[PDB]
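With one protein chain held back, the other chains of the complex are shown just where they sit.
Letters A and B mark the chains as written, and numbering starts fresh at 1 in each.
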Amino acid sequence: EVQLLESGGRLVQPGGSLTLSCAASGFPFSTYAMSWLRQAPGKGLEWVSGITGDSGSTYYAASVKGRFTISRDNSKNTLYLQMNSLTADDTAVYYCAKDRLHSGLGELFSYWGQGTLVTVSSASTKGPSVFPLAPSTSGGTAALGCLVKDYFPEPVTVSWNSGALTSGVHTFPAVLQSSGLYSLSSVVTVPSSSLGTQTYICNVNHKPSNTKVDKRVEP
Amino acid sequence: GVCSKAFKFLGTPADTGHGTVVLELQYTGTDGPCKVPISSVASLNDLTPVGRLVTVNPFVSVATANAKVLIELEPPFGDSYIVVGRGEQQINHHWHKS
Partner (left out) sequence: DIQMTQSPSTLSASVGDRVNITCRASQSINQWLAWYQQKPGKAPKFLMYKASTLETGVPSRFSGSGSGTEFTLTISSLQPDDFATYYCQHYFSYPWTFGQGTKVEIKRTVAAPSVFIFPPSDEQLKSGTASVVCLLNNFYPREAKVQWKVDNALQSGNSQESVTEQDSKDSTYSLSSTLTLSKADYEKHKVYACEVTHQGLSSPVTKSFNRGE
């Protein structure tokens, strides 16, 4: 049915600019009002802007008036969001939303896209270094993992054995270190008797920096 | 721009005897001068203006609150709806002519 795909989120330095796009499919995009919304990491939802579909009226939140601009290309079923003068408090996941009724004002949001991540910071793009967590512990099973440390910006995806290991696997949310670099860990509990027969590798993938590191874990 | 605040119906849509209908709307908001979003449609899912608007481009002239405006509309013969406003607070009034 309905699909809203956002793209354009990336890292930009404070004061810079960035444009977001949102390709829509499954409904008469020309007759439905669209809206941009944002959610800061670990925080609540926030309405940003809306547009009528006829491009006859635009609405903006107080914190973005004069800074942001909403638009749309009905012939391409694409919603746009031009962002200027980006401060640090603009770091959030920006969502694309479809109005419930046609010919509306964007008064509510009946369908959301997966959202794109916009990061406003002075730090530069850096890949991570994957350090192993050796299974020395001995609580119930062998506890081992990997430490995806000192990367920027988010996100990072970690898999085990190229996806062949998902039972008892915990990937923790990244923490923002004082150096402005993120760092997370991905552990997995496995039968301690299998510490001499099973090979473990983490599939770390940092797309912003074009990084793909595989680390073998051994005692 | 168009008046994006909701309207209140001060009186029910009346019949003039000229084949047209008349309704007086009160504008709640104070958004300044804005166009009145009123149209005559055949159904609630396709807002095709099947009714000619007699009052040429109704407007909210003043920039204050509780401004009343008189609008005249010619609905088509048979079943029809009179739509005032947009969004979820859009009021739909079924009208029947002759």
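Note that in this section a residue touches a chain if its C-beta (ideal position, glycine included) is under 8 Å from a C-beta of that chain, and two chains touch if they have at least 3 such contacts.
Novice: Which listed residue, A:110, A:124, A:193 or A:198, touches the chain dropped from view?
Specialist: Result: among the candidates, A:110 touches the missing chain.
Novice: Using the touch definition up top, pick the residue from A:92, A:184, A:201 or A:204 that touches the left-out chain.
Specialist: Answering carefully, the residue with contact to the hidden chain is A:184.
Novice: Hey, which of A:174, A:201 or A:204 is the one touching the hidden chain?
Specialist: A:174
Novice: Return the single residue from A:59, A:80, A:151 or A:160 that touches the missing chain.
Specialist: Considering the complete complex, A:59 is the one touching the chain left out.
Novice: Residue by residue, what part of chain B touches the chain that was omitted?
Specialist: Those residues of chain B that touch the unshown chain are 4, 87-89.
Novice: With the missing chain put back, which residues of chain A would touch it? List them for me.
Specialist: 44-47, 59, 61-62, 95, 100, 106-115, 129, 131-134, 136-137, 139-140, 143, 145, 147, 149, 170-175, 177, 183-185, 187, 189
FYI, only the chains that are shown with their structure count from here on.
Novice: So the centre of each chain is just the mean of its C-alpha atoms; given that, what is the distance between chain A and chain B in Å?
Specialist: The computed centroid separation for chain A versus chain B comes out at 45 Å.
Novice: Provide the residue numbers of chain B that touch chain A in the complex, in ascending order.
Specialist: Touch list, chain B to chain A: 1-2, 4, 47, 86-90.
Novice: Show which residues of chain A lie in contact with chain B when the two form their complex.
Specialist: 56-57, 59, 100-101, 103-105, 107-108
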